[PDB]
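Add chain M to chain H, keeping to what the hints say.
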Amino acid sequence: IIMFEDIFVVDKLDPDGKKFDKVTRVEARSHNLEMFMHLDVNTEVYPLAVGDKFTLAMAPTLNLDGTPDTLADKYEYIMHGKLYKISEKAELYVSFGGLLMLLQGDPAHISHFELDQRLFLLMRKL
Amino acid sequence: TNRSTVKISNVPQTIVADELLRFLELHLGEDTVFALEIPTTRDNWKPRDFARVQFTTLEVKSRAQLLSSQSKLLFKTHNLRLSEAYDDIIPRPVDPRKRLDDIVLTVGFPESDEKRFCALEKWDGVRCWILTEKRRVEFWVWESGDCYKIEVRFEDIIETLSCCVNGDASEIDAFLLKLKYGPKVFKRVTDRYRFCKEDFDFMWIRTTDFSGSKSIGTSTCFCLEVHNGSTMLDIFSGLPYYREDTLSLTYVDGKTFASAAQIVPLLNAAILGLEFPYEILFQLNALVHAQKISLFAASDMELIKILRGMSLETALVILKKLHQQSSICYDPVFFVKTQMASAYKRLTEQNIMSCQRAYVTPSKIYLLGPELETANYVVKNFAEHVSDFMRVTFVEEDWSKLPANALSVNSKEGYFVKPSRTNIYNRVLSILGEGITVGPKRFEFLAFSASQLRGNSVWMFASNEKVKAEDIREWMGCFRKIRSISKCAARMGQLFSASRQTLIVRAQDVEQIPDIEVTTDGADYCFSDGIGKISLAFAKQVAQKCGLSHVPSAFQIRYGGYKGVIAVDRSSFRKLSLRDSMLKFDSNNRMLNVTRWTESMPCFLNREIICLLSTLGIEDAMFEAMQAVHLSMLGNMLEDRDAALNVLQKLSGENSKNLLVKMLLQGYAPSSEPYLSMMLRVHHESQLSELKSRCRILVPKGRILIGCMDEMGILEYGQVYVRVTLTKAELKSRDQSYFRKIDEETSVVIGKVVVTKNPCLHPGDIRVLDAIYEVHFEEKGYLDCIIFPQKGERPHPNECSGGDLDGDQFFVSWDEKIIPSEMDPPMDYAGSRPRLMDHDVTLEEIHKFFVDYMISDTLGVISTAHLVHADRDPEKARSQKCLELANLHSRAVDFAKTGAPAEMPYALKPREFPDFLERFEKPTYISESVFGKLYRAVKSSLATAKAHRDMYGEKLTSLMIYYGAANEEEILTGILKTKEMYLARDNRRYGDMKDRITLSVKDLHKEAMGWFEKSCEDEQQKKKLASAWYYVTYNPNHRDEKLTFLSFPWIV
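As they're listed, the protein sequences go chains H and M.
Counted the way PDB author numbering counts, the first sequence spans residues 5 to 73, 84 to 102, 109 to 146.
Counted the way PDB author numbering counts, the second sequence spans residues 7 to 196, 206 to 355, 367 to 969, 998 to 1106.
Check before you lean on any hint, since a few could be wrong.
To be verified - No more than 25 Å apart at the CA atoms, straight line, and that leaves these computed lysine to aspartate or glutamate pairs for DMTMM-like:
hint, chain 1, residue 1, chain 2, residue 2
1, M, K82, H, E134
2, M, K13, H, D20
3, M, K82, H, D18
4, H, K22, M, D24
5, H, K22, M, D55
6, M, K78, H, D25
7, H, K109, M, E954
8, M, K82, H, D15
9, M, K82, H, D44
10, H, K22, M, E31
11, M, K907, M, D883
12, M, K78, H, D56
13, H, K23, M, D1004
14, H, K22, M, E25
15, M, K78, H, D20
16, M, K52, H, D18
17, M, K13, H, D18
18, M, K13, H, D56
19, M, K13, H, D15
20, H, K16, M, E910
21, M, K78, H, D18
22, M, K78, H, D44
23, H, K23, M, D55
24, M, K1060, M, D1004
25, M, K82, H, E31
26, H, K109, M, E537
27, H, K23, M, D24
28, H, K26, M, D55
Hints were generated in silico from the structure; no laboratory data involved.
Same shape as in the complex, but just chain M:
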């Protein structure tokens, strides 16, 4: 009953659409059929056995259903059977009242603080359709012949207002639609079996703004000039957040605000014509882009006159305070009247920089502002231009990923199909080429990292008289030697990871150790891909600036274009050594920096591990019992303080010092200490939410560590060494058959250990390795690194999905209840042929590759399809479908390295999803696999002092209202219970936001530590002051009328 289209089951093959239309109009009412479509297997001469017909009124549909149920429809000795359809032939509302024809459409914004509205461009005779089922509103605007579609969703609007244009308060002749995001823009492009009753033989493609003055891109509100309607209020009451009040407006001539440039919603620089600073102008633009102040409300002479000469810090404070206003501000002048070095140190201490983030949409551009984030290497030697760096991300109007249909839609022209580039493609190309201009600056394309390529992000640097973009590009290195488009971009963007600065080493003392290669079965298998060698003095020198006590045996390092992990040795010649297969590109600098040294975190069991391990002989009772004991120990963690410490010491961080960890071993009852009890509760909620979202089994007998090789050559093919630290469980009972207590802190393993990565889609990855104990290996002193043999038929990383020794993590587990009987050969690791050009890069094909990376990017759907097919068809990971999916996944993960599209077939789409997924709109099917049992089990289980305190509370609530947080828990822990339309689909952007807010709260805590240290400077008096602060914040009578925060005294 939701739609009006009815699918006819069986129709004769010899009939045409006109005959069926005549039959329906004869049996039913006259001209009661709107659209009739008969699908055809061929182009125009082979109709199918069924047809779909759209009725005008639901009463006609009900009458047709009643006639079909009684078998009263007989057309050419065929009994027509009527059934519901999936989608409408034409998105047209059934209610004739919602259809508005020949109405006046205008755009604008709340220019004035009073009840005034400005009209930019007015359209007449437009068509408005309200789709309640689709939760969207369509606007058909005819301009220069071809019509355009404007799509506004219910989430796009935030509040519905009604106005009048005749000037009578009693009459309602207008409607305001405040828009938070931008509307989608479409364009119309240019029979025997399709009646359709009209000229609907076309298609809709997404395009950019079609207005000459680009009024749509700079307007955040829509006004609908319609005639007075007695029942129109009932129709308009269906829109979300409707206000039942009467408001009047006046027309303001705002035609002067018209920009013909590509970047519409920015202010004009010629209007100012003065020495206005860049930071204040950028902050004003960011505030205008946000739904706080309109364009004309901040473009007046009085506001800029007041803001021109003042104190800079106070100006920034008042600007951010205005940005923190909970609602929309109408009069900025009244608000600002009533309201009234360190960068280098931050970079050297914790690499804290203020980077500008920009969001480019097909309609407009949004500037987020100077958000704090971790600094990269490129800003270390260019720290004076901290404001010239800006991150640009290309998203949709909902700040989500651009769909494949919005760029390069396919069309069949000629004998073969050829993709046709849309206007968004050309818009992105023009933005990348010409660049983005913000005030007295012009940003140019520098490069993009590997992570930014998968997130549609790119770095832009404003050219200056001192250093330009080309200067930085040539300072990083010479990239003309690379003849591959993807390889050149990868090498140019690889030097943008977060790292810690260390000492400088010249180019005089580096070795050229030859490598080892083996060629068996006509296949090139190289053992040394990114392995290296390091000395002890080098480790001591590099571990001093990072505050590292224990010396790891392996740590990932990259410098001077080289990239790879290096291992320690007790027979080193000098401080540094270099191998052959490590030079990516030639560089003019050799700055040393380290990203990760060692992380002995407990292992986790992801979905693919269980999916691929459910065929060797592992039953469902083992995983069921493990999940049961996990939930039992999770539920007991609340009322028992003994389990809290044991969980915190075995879930995140083997050796981590924290305020909550120290109080867990020795503390009061869980009923008391609300600050810690609520943190435990929210941690449990986060854990259960993560378990519901994905499978994550906590196994204490396994770790996640990187692996290297030693120059010994004693271990054979199938012999490795496993060594890790001892946790609480290992220290409590170290007497085991497969566990050897070599030392008090380090224990060797002699059990059967397998190697697994995060992406795994082949049954042959499971390679059972027997760990052995040797005195010679222990003499070298290897810690937190598994040892791989030098000689063998194939290297161990090759069998592990064809990886390399580039500091990648490996899953190790000294488990004994696994089944090692079945062994399967791994898949081939041979990639596609590289594409080499005959000319140098002219900075255009790299832009083409960057834009084309969005198109045919099927990396995220291959894993989902593989999981669905494994859950549906028994004997998973054995059929050819799983092999094809794994090969396609390998080719897609090779896309970032070589320009080879994945080419996902249409027939391999799942079209069905299990219960343990967030796709509520998609059909859900009850799965009976091990994952279904685990999800059912989870479901069953679940079913002086005052001034500082005021300043800290004000800063915390400012951060909460800036990031959208409403409670202290969600901003302190970094996990937000509420999600936006774009933060829930993907996890990379949400993780980046969580890291940014964690950095912000860490900076706030550091500032609090500085304030506390400077406040007293006396040990006994500091202890007394801390006790006094605790007493003041603990007394309920000391709380004022405002929200008193209890997280201030908890500092250690």
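This is chain H alone, in the form it adopts within the complex:
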């Protein structure tokens, strides 16, 4: 059910602020896959410091074996969005209700993603 799953380590923060009361864009590089990721995360409700390691997973549906549109107990930062731009080392542009995500990796790593489809975002900081 999970299409892409890898451990990511953050590199730097765009605002670099602890109490800016603003959405923070993070830059995390994939391990053993060499993939760069942009993601807008809320630090106040989900703290993320530099050097932390977190897993990431993407699935079309949260149900087991079908029923598109019970993985909630495993992860803690579930999101929902759609992929609108696929043109690039291919990269993906997924917006979770205005929160842009840029997953830039290799053409072979990302090949089973269609255009204008709904996908989730499973995250856990170990």
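Relative to the frame of chain H, chain M by itself:
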């Protein structure tokens, strides 16, 4: 970990330096921050987003880095990120032990032969900082309020010694620092975002000696009086060439040796008070300037008493032998006790003269001595004052070029910025005005040539009762007609080139042929710039005194102020003719002399040619294959004697006779004949080193020859004639489509030939010319000279970077694989407006121009910046940046003619260099251009008899130890494998030194020829004696304990 300054990534814009300092001292230790600087875009009210902070101890820096890595630094909801910095805020060593405060500094020299030292001037309470990373030692001396900085590098010192001042051999209370060069001298000149913990809000500018008695300029050694230190030896052990021995010294009252004149390190003339000769005194001064004998060791009465009355030749021999001593001599008297016409002929034969060379530095002056060099025209009619001529060069302490920051540093005073002249500027002006006094002489400024202006050199002549400097100046010509400062200097210095003397022609038979001018598109295009006309009888008469068999069709000539190349013609009226646009200045003499006649050398491909030819459609495979075949034929030259002759006949000299060239065609195996095999090996090493330094492609289908014009008017715009000699490759296979075998030795070309010079930075210089063959042109008999048409829209030299017909070389090549489809218009050749004065020259503004030529001299960096920008940005030589660089290069090359600075912008600096450069200190980036591929390919490829013999060997080793040579190869071939700090940065001075040493070895060979001719005088006996010498030098058992030299019998 090399430095202590840490660059903070992001800081709030509303904070001040004090708040950040308080935050750092709260999180870190108390008062652990030394300097904190926040850059500001505006003057004092707009700080930037980052800041740089300097810590006192590296442990504090490591702790701060650890805290920043864990994101434990939060100052006003901002996460501070720490990164390494490029340069320290303040050049202060991290180790507190190296910082020495309130110590005694004194200067002096090894005055006595024994363990004695003389103190000239002593300073107390000075500050000494040892910078290991910067490889320099700083001395802060406070004198009359304002402090001065004395900078001594690690290469400045040659040997470190420790001494004592209390008188106890066990204790170490002093340190000797023997200096080879002079130390740099600085001066201190006269807040919300800069803490700095101290009063470091000033700047350092280079100044002259600040001592009243000028003790620094006459002292070659420094002594540091410091207290006894248990671990001080470990700190002092870091200096290069440290001796682990204990030495004791005594103080000698040497305050009497104090000179208040500008030229400090010279001896006093009033002390002698006798009829001492000038040559011996000059030799003694040169020896004292060298690190051989100190000042007081040669200022005693006994030495001059012994040297006063003796034999002159023996005195010169012993003086030069003492100068040739490998180490420093302490007692000259003991050494000199234990040791015990032709100028005119040399000038007439090969123009051999002994010229004195002087080096003026901001600290002192160095006299090199009577070095042999090629003679110029000015000494031909003034050969009696051979010692009055002295070459003066203004260099730095390291004998390098003076930087732009050392002269006229900029400062913002008022609304606009105005440069401020430093003390070195005034020192140079005073030296040029008052002059240099050496013994019973005073040298005056005569003139400077075009080459000397680019090398910071100038001629000086000592005024005499017979002829003075003004007499020579007015004898050369009347320069009051020129109202331009640069033009007058150029015309006064143009008559100093090396030339061969010929017959004298009066001013009765000269023509005034009118010239041709065309004005199209509102632009003045003149075809005849320096062209001329010559007859056949004149060529025969001028080629007889130079030993020239074939008569060239063109040769560069200059006489009576005129300058330009002249061409032959078969319809001449009389011996000589003159045109209009050739008179530079009026002269009182019309002596004829010739510099160069013809050189049919093979063409070479420099970096700019490939850089500008890589856009028309030329691929990288062609150059790659050419480099591959070049390296293949270079590697095969060692074990194959067939390739050696073919390379020597196609690399340097189409028709050259040499001992190695003759033996290459017929010789033994490369394993045998070590004298020739090692020469081939060193030649290959020199070739590969030259290829690594710069691109030089050997192309056999092209030559380098000058061009002229004929009074025919048949050739149109785009039609020229190409004719050159036939090389080995051309003679082996003359059957070609673009090659016409007009004669056995000369072959015509009908291919597409382009014209290119050495400096080229514009894509429009490539003008494809179709060569045609005409019987009428061949009837005139033109050889070694390309023919340019008379009529056309624009002259050919104008499209070739706006040049003239002044005997300049042109690159020709009858290649067929080039791409002539793309054509680009050339750039405009219109120069800047001339500057004319309302008054005559009072000899002061010329000095101002000469000194100001060093400032804003960006001729050498424009080409490097253009190459870097072409290698970085694709589609090179197409953007406006390349056009701007070419225009700036043209304006800079016009600086020597018109007083127009280049004005190099700051934003056009490259700040990056490719791999194929010698700038190891500067950052290196991997280039992916054609030059990068070529450099990678090169990297992959690379990865009675007894007495004469003894005399010759002694002379050769004397020359080797005088010029610093350690092996026979580097002195015979003229190429030195080892370089100094100043001989590697520039190539002009190194080339001049190579020419001088080549002249010296040629003179030695001529003397050997004379000795061999006078020794025997019998033909059969001469052959027998040569065979006997070869046999003696070939037998290993005949070698003595000394180094036996095998280069003596090889004479032909």
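Outcome of the hint check:
1. The suggested pairing of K82(M) with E134(H) is violated, with an alpha-carbon distance near 45 Å, which exceeds 25 Å.
2. Between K13(M) and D20(H) the alpha-carbon distance is near 16 Å, which keeps this suggested pair within the 25 Å criterion.
3. For the given pair, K82(M) sits about 16 Å from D18(H) by alpha-carbon distance, which is consistent with the 25 Å threshold.
4. Distance hint between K22(H) and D24(M) is fulfilled; the C-alpha atoms sit about 23 Å from each other, no more than 25 Å.
5. Among the hinted pairs, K22(H) with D55(M) is consistent with the structure: their alpha-carbon atoms are about 18 Å apart, no more than 25 Å.
6. Our distance criterion of 25 Å between C-alpha atoms is met by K78(M) and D25(H), whose separation comes to about 19 Å.
7. Only pairs whose Cα atoms come within 25 Å are accepted, and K109(H) paired with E954(M) is accepted, the gap being roughly 21 Å.
8. Distance hint between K82(M) and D15(H) is fulfilled; the C-alpha atoms sit about 22 Å from each other, no more than 25 Å.
9. The hinted pair formed by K82(M) and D44(H) meets the criterion: a straight-line CA distance of about 22 Å does not exceed 25 Å.
10. Taking the CA atoms of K22(H) and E31(M), the gap is about 21 Å. The hint holds against a cut of 25 Å.
11. Under the criterion of a C-alpha separation no larger than 25 Å, the hint pairing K907(M) with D883(M) is consistent with the structure, at around 20 Å.
12. Of the supplied pair hints, the one linking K78(M) and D56(H) holds, its CA atoms being roughly 14 Å apart against a limit of 25 Å.
13. Between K23(H) and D1004(M), the direct Cα distance comes to roughly 89 Å. Violation of the 25 Å bound is thereby established for this hinted pair.
14. With a C-alpha separation of about 19 Å, the suggested pair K22(H) and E25(M) falls inside the 25 Å cut-off, and the hint holds.
15. Distance restraint check for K78(M) and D20(H): the Cα-Cα separation of roughly 12 Å lies within the 25 Å cut-off, and the hinted pair is therefore satisfied.
16. Only pairs whose Cα atoms come within 25 Å are accepted, and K52(M) paired with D18(H) is accepted, the gap being roughly 23 Å.
17. Simply put, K13(M) and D18(H) have alpha-carbon atoms about 18 Å apart, close enough for the 25 Å limit, and the pair holds.
18. Between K13(M) and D56(H), the direct Cα distance comes to roughly 24 Å. Compliance with the 25 Å bound is thereby established for this hinted pair.
19. Restraint check for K13(M) and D15(H): satisfied, since their Cα atoms lie roughly 18 Å apart, inside the 25 Å limit.
20. Of the pairs offered as hints, the one joining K16(H) and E910(M) is violated, with about 40 Å between alpha carbons and a cut-off of 25 Å exceeded.
21. Annotation: proposed proximity of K78(M) to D18(H) holds, straight-line Cα distance about 17 Å (limit 25 Å).
22. Distance check on the hinted pair: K78(M) and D44(H) sit about 23 Å apart at the alpha-carbon level, within 25 Å; holds.
23. With a C-alpha separation of about 19 Å, the suggested pairing of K23(H) with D55(M) holds against the 25 Å cut-off.
24. About 17 Å separates the Cα atoms of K1060(M) and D1004(M), which keeps this hinted pair within 25 Å; it holds.
25. A threshold of 25 Å between alpha carbons decides the hint, and for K82(M) with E31(H) the separation of about 23 Å falls inside it, so the pair holds.
26. For a cut-off of 25 Å, the pair hint linking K109(H) to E537(M) is broken: about 77 Å separates their Cα positions.
27. About 23 Å separates the Cα atoms of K23(H) and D24(M), which keeps this hinted pair within 25 Å; it holds.
28. For the hint pairing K26(H) with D55(M), the CA-to-CA distance comes to about 20 Å; that is within 25 Å, so the pair holds.
The structure shown violates the earlier hints numbered 1, 13, 20 and 26.
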